[PDB]
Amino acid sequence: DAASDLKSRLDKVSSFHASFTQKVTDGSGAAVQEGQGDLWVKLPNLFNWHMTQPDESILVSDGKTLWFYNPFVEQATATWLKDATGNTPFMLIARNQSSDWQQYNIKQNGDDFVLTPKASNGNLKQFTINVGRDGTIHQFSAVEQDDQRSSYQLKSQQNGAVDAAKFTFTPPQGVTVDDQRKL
């Protein structure tokens, strides 16, 4: 079905590099922010969303830990990546697991998909994505529990092995680290 069709199209492009424009709303239409950025993905769970405009930042997953670094405050936050599953759009695409797509109600129409959560086990209200049968993600968006909309419009995609270094992070000297990984 539409759920299996979605996992298959995404399996078409195991690793890639993409450029995106970000449009964030507020449920009230009044734009909250804007920006652009680069996205590196490597199925199963590696990804690196590196925004540049207006505020440069990095959300990188090494498969085990999720790192959020914002140089505008020497701040890096660390959480176990498993505690992040199904809470962000980058999470669902990166993971791209049957088990993930299962917890949603999906409606497809060509390359458009609209996913709505069945129960309550996440921070998302709605996730949409436009992916071609070739695995090419032209765009996707998300809506959190506070009706906030985050929409990403593709500009350029290049399937193919991605540099492994793009999926690692080491907190710099002098940077304040908030390691929320209980252990």
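Think of the rigid core as the biggest set of C-alphas that the two forms share within 1.5 Å after superposition. Positions refer to the first chain, counted from 1. First, how it differs from the form whose entry title says "open form".
- Once the cores line up, the CA of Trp101 ends up 2 angstroms or more apart between these two forms.
- When the rigid core is held fixed, the Cα atom of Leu92 travels 2 angstroms or more between these two forms.
- When the rigid core is held fixed, the Cα atom of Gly37 travels less than 2 angstroms between these two forms.
So the form whose entry title says "closed form" is up there; where is the form whose entry title says "open form"?
Left out here are the partners and the other molecules; the chain alone remains.
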């Protein structure tokens, strides 16, 4: 079905670097903000998301810890990756538990998929993704409980264009870290 199709496409995703543009719109479709940046990904759960517009921010997952860095105020925060990603579509690619898929209703038309969490008490009300049969992700979007949607368009995807260093976070000089990880 659509779930097995999506999973088989996500299974073909391997490491890559891509540029992205972001469009955030509110419940009525009004423009909230636009942005752009770079994304580096390495299965099953590593990534470096670097926004340059409207503000510069970095999100790095080294597979265990999620680091968020805000260069503007020279501050970084660390939380466990499991905590930042639990109950999000991330789990659908980060592992392969049929249980995760049971949490969503899915609808497909070609490369377009819409995932709707079955629960009404969640972070996301809806998630969409456009990914080719070859595993190339073209776009995705997340709709928050506040009805606000954040849409992302990927371009210039280069498979293999990553290095281990991209998925590690070393706070630059002068940057203070608020480590929110309970040990």
